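Take a look at this single chain in structure tokens; it is the form deposited in one PDB entry.
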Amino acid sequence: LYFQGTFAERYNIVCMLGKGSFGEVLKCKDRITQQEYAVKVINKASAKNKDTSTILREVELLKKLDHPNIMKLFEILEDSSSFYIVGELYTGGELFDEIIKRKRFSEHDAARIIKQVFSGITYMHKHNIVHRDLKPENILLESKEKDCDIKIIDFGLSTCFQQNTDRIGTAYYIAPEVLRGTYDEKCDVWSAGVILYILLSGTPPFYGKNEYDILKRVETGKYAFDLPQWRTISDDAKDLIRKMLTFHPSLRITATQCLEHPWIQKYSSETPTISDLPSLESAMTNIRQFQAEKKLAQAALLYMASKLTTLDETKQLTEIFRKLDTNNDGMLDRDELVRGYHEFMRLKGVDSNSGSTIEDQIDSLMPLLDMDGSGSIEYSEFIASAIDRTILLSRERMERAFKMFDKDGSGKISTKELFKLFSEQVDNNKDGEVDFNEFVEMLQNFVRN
């Protein structure tokens, strides 16, 4: 083990992606799976503001954020000079560029975008994380596909790490209380309100040639819907923006109230159709298999689906997820699954009335699906249960899972090493240990008899 690094053994750096406030962002590649990732490299000695143990606990909470509109982080690794924070790679660029290209969005297009910002921010705030610098440059498009999900990036590190030490246009998005040294949940709502005002109008609500004049406007909180293009935008969109850019933060609406505003609901009516039946049929086949398997099987599968799947693999399940997610909060609750299953039947021409109802089924399934006990089925739990087991069983994926657990790098998993993954066994050669070939059988057996 002496000549193996944690980061360098698993990943090869491909090139630089960019550099913002904390550390620096590169593209890296898993040396076994060949899957590509975004890694933020932070220099320990320059940048650390807390002991390592503090930092690992805070970053661990960031890895646990599982929401379709929040950047996905897979791990934090270290060497003697750096922390490496490895995340999912997004290729669609900043929402900012999409503003430049489009200039302005219709009410429908703006609602579909801002609703995801609301969703992601609601979830952050429920997990007691404030963004602090929400703006279009810190939201990425998952890909170049049309209507792909947005991803909120660049948050969560400001107490663990010191900044690098001339961002242009950042003054547009600041709430007035930020000028008084305050950052809190309500500052994110204000920033989201400035984003919306720009999506609808093409123009900042507190505007000016340079940072001085802009900051002057922000500070009074004075803005208008005076630009000609506003005459044609609905009162409902204006009502929402007014609630978000309310001067006094205690009067300003919460992110959940943003998510639930009637203007959002008016443009988020996405719902399963006939064209989704193939996706829905497949998802359901696989979810029954999952319910059937040992808690141990279910456990290993969640781990593998959440660490090793890719965007391309999950995009159709992503779409089904989104259509079942009725209230747009980025997770599936019990009623949503019951309605979803009733809607699947209706679409298929099958009468729900036909030994065990839809509601009993869902009720017995929630505890198995909701593996962290959250009260909801988050993104990754749905993917684990709804994806083709097959897909996860590629040889390279098993090898990477095997290496995640072989802590000592002996070539064989011990009992203690193995619990990690799930947190009796069958050994063919009976050394009391699992070399890879047995581990493949073990995982392959989970899907099988």
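Just so we're on the same page, rigid core means the largest C-alpha set that superposes within 1.5 Å between forms. Positions refer to the first chain, counted from 1. What changes on going to the form deposited in another entry:
Of the residues checked (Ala38, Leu392, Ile42, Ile413), the rigid-core alignment between these two forms shows a Cα shift of at least 2 Å for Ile413 alone.
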Contents of the next structure:
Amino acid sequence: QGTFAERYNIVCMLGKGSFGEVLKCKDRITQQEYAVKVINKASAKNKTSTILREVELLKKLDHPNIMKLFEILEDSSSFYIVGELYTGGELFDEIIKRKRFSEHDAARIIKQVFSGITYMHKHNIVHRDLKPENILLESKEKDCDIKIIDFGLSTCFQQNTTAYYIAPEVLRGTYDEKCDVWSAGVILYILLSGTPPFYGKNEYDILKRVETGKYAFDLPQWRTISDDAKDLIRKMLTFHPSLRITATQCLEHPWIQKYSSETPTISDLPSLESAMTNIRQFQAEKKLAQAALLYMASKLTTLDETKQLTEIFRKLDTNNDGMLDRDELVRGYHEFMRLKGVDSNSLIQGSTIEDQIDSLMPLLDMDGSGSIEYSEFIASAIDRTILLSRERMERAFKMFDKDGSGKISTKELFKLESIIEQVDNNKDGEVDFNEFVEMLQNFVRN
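I've shown you the form deposited in one PDB entry. Could you give me the structure of the form deposited in another entry?
Next up is only this chain, free of partner chains and other molecules.
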């Protein structure tokens, strides 16, 4: 587990749900800010080794529209789930403010809900309470990523203390992946019309409508919305779960494809060349360097540092799922050349873009998942000198400093030999901060 207090100080309360309270916390070394869910062990535990397993699975979710968790720590009283701090508030507030959204704006929002939800399901995670309250805006910035929160805990923990979004089958006690598609459908109905499809004076009347699956597009505002959007909603608000479309099919719907047709332009050329140069250099590093850089980028960077690359990531991510596949990387490189006025055929005079991406894929796809996930993209395409600030190297050092004050050669090896002899420049067995810094610099070096 971990020592929370050594690492973070508590800055303020952010929110309180039924599972625990969410606090703003600050890394004592980096000054970087984080959201922490504090879960009381004794009031809440329902299962601590089974909990650690499932939190591990939550931890490795790597997708732009899913809450990012960095670590789980533990005190004698509590678990501390440390994650990314989002400052845009709930999608719910954006609906109240805007009332309802153009087809273009609704499609862009719901596409991200679809992408995140598709990703969760492929990892055998059902949300169970998908609602605009449980989707946060990354920031107050204009076109920011939305982030799905508040899921994964239900088996491990007991809660303590809305009708609009629940699928009919949840009323019968069932909560399969289709219930999330229903909830997302209710959301889309709301984004486009501003009104819930199953609506009533109170909960009693609402549930009566949910139960029969009866809704319509009778409100006057529906006149001005395409049949494409209606077709999508209808597929999502299908009563029988087995006839209801999957999240993947939602994400692939022609209405979606039409309004999130994001694609590289000339204005993207500077950031695209940056990413490519960093990627080329990344691939040239040895495996040990690549792993430490990936570890460092994904644990220690900020949302503000990844924002240009996230835009590029989106423009390369043709099918809108949260990841880059091989063909997406090939097209991207081709498009990059075209925009620049360069003929891809010039590359022989000594291999094609295809050969190059194929040999790169094993290098960048570090978990062998078949796709380049967000954090693998960021680690490879960022300017890795950004990792070499003193505070970050100090936090990295400290992460591996399990015993006392220095990193044992016997720790570091089981925490990963050829390189170990080199970094230890005085040869006293253990690795101090100075050798650790030099090793990290060597990693960024080439």
